[PDB]
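Produce the entire structure from the sequences given, and follow the hints as far as they go.
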Amino acid sequence: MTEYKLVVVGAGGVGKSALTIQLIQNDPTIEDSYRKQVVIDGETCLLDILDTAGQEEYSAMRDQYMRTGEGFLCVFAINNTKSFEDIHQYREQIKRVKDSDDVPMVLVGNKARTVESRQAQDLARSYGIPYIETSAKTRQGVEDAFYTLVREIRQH
Amino acid sequence: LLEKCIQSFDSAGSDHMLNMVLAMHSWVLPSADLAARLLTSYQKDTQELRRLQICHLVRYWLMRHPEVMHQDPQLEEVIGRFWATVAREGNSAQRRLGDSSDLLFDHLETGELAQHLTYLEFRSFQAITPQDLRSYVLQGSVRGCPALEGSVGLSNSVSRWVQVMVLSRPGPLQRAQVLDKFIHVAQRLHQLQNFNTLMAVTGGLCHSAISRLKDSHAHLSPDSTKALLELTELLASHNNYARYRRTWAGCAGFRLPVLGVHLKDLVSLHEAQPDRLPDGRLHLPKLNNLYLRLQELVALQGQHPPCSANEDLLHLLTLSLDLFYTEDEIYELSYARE
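Chains B and A, in that order, give the protein sequences.
Residue numbering for the first sequence is 1 to 26, 33 to 117, 122 to 166, as defined by the authors' numbering.
Residue numbering for the second sequence is 61 to 74, 79 to 108, 112 to 169, 195 to 430, as defined by the authors' numbering.
Calculated directly from the structure, the hints in this document are not laboratory data.
Each hint should be verified, as a subset may be incorrect.
What the hints assert, rightly or not - A short list of chain A residues far from chain B (calculated; beta carbon distances all over 10 angstroms):
| id | residue |
| --- | --- |
| 1 | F69 |
| 2 | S105 |
| 3 | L119 |
| 4 | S159 |
| 5 | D169 |
| 6 | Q231 |
| 7 | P262 |
| 8 | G263 |
| 9 | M291 |
| 10 | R373 |
| 11 | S400 |
To be verified - Derived BS3-like pairs (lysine-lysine); straight-line CA-CA distance at most 25 angstroms:
| id | chain 1 | residue 1 | chain 2 | residue 2 |
| --- | --- | --- | --- | --- |
| 12 | B | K104 | A | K306 |
| 13 | B | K147 | A | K378 |
| 14 | A | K306 | B | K101 |
| 15 | B | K5 | B | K42 |
| 16 | A | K378 | B | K42 |
| 17 | A | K378 | B | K117 |
| 18 | B | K147 | B | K117 |
| 19 | B | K88 | B | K117 |
| 20 | B | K88 | B | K42 |
| 21 | A | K318 | A | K64 |
| 22 | B | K5 | B | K101 |
| 23 | A | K64 | A | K108 |
| 24 | B | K5 | B | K104 |
| 25 | B | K104 | A | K318 |
Just so it is clear, CB atoms sit at the ideal spot from N, CA and C, and this is done for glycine as well.
Dropping the structure here:
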């Protein structure tokens, strides 16, 4: 089949681990629990997903998962303006490690709220990447986001 | 279940559950409410005996986690009310109150550099508090918790120091000699089973600002390139670091500087299963897995290194690490050299 290397980037406390879990299972220590065999657009594929929970702080690990990673979910929480402000430096670091202006990624809002969807879409259009919003708890608009990134990789 | 879980017994001094409850309750149920539960359950057929059991549990848990009162005026208030209440009864002969309220830089060699770095990494690691890990899992940022901040800054400064140490040399051959030396250092760190500093040094080697220097990797020895490939394969992201985990399982004795991936795992186990069930009661197995995964780290904090080192030389190396370079200047220099 085809194996896709997905990385979930974003600040802590946005629920990126909770969403990543909601995608797969219904034990993360083992290698199985961050791998999901699913069929997309006719053909089967393997999603090798990597959460960045504790790995953000270490610059070396940051570069390893950026160099190995094929697609990125730049996640933020709609009720946290600063979480939305960090995505810029996320994108710039990814650009330096990949040395390209066309990097496969998808901007994701998650979880009242202090960020309006218009702002996030303006940024996503500002650097030509799709934009989706999710609810990791109930609605789980998750498959749409991950599969959007998968299609972004396939069409690179 | 709160009344059902608190029912941990002490025969005037005597469990696993008890340890779990006292260490892990703060994750889900706030501690001030637990102390209020103890005070309220205090007042209860010939059961001054169990009132003494309660006093012994309070004394035990305050002595085991002496940190439950720095950040929590509410808990301090409720336990003060508790001891004042016991002192205000006067019976039970509980002296628990009166006993309670009281230019060249590295002429070193590979093994010595590895051992001094390991000694630093272990000393900074050992200062990490489990409540720092609690704050990391809950808050989402290390911030406001200095010990692990110093650990992560230590690793970041190791990587920065490796990069700037390679780039400080004119020519691809000089840099290639530096690369040979650091690959040997990484080999010795693998032999010593220090995987955290091994990650820092390897990523400093595998950093994008360094990996782009093709002439240097051309002069790099083929055996050195092979070892570097095997190490990057070891610390790689594939299968949530399955190769790293296979080794970590296959290590023994003093294998124990660990990686921040444990942090990751904690966060995973935090969001995988819910804190509390819809019944209103909370399910313990989550907290048990968390508690044993943390006690692993504490047990690692316990042991002693096999190798010794020169404290003043440690000071010199620490002073060598604290430079001030950003990814910006590092990339500018790497670009200036190719």
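Each hint tested on the structure:
Against chain B, the non-interface label of A:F69 holds: every CB pair exceeds 10 angstroms, the least being about 32 angstroms. With a closest Cβ-Cβ approach of about 34 angstroms to chain B, A:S105 is found to remain outside the 10 angstroms limit, as its non-interface label requires. With a minimum CB-CB distance of about 42 angstroms to chain B, A:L119 clears the 10 angstroms threshold, and the non-interface call stands. Every CB of chain B lies more than 10 angstroms from the CB of A:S159, the least distance being 46 angstroms, so the non-interface label holds.
The Cβ of A:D169 lies farther than 10 angstroms from every Cβ of chain B, with a closest approach of about 39 angstroms, so its non-interface assignment holds. At roughly 7 angstroms, the least C-beta separation between A:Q231 and chain B is not larger than 10 angstroms, which violates its mark as non-interface. For A:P262, the shortest C-beta to C-beta distance to chain B comes to about 24 angstroms, beyond the 10 angstroms cut-off, and the non-interface label holds. No Cβ of chain B comes within 10 angstroms of the Cβ of A:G263; the nearest lies about 24 angstroms off, and the non-interface call holds.
The claim that A:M291 lies off the interface is violated: its Cβ sits roughly 6 angstroms from the closest Cβ of chain B, which falls inside the 10 angstroms cut-off. Under the 10 angstroms C-beta cut-off, the non-interface status given to A:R373 relative to chain B holds; the minimum distance is some 20 angstroms. Non-interface call for A:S400 relative to chain B: holds, since the shortest CB-CB distance, roughly 27 angstroms, exceeds 10 angstroms. A distance of roughly 16 angstroms separates the Cα atoms of B:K104 and A:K306; the hinted pair therefore holds under the 25 angstroms criterion.
The straight-line distance between the Cα atoms of B:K147 and A:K378 is roughly 18 angstroms, inside the 25 angstroms bound, and the hint therefore holds. Between A:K306 and B:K101, the direct Cα distance comes to roughly 20 angstroms. Compliance with the 25 angstroms bound is thereby established for this hinted pair. Using a Cα cut-off of 25 angstroms, the hinted pair B:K5 and B:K42 holds, with the two alpha carbons roughly 11 angstroms apart. About 23 angstroms separates the Cα atoms of A:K378 and B:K42, which keeps this hinted pair within 25 angstroms; it holds.
Proposed proximity of A:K378 and B:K117 is supported: the alpha carbons are some 23 angstroms apart, at most 25 angstroms. A hinted pair counts as satisfied when its Cα atoms are at most 25 angstroms apart, and B:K147 with B:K117 qualifies at roughly 8 angstroms. The straight-line distance between the Cα atoms of B:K88 and B:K117 is roughly 15 angstroms, inside the 25 angstroms bound, and the hint therefore holds. Proposed proximity of B:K88 and B:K42 is contradicted: the alpha carbons are some 31 angstroms apart, above 25 angstroms.
Taken as a hint, the A:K318 and A:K64 pair is broken in the structure, with Cα atoms around 58 angstroms apart against an allowance of 25 angstroms. A distance of roughly 17 angstroms separates the Cα atoms of B:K5 and B:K101; the hinted pair therefore holds under the 25 angstroms criterion. Proposed proximity of A:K64 and A:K108 is supported: the alpha carbons are some 16 angstroms apart, at most 25 angstroms. Of the pairs offered as hints, the one joining B:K5 and B:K104 holds, with about 14 angstroms between alpha carbons and a cut-off of 25 angstroms not exceeded.
With a C-alpha separation of about 24 angstroms, the suggested pairing of B:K104 with A:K318 holds against the 25 angstroms cut-off.
This entry does not satisfy hints 6, 9, 20 and 21, going by the numbered hints stated previously.
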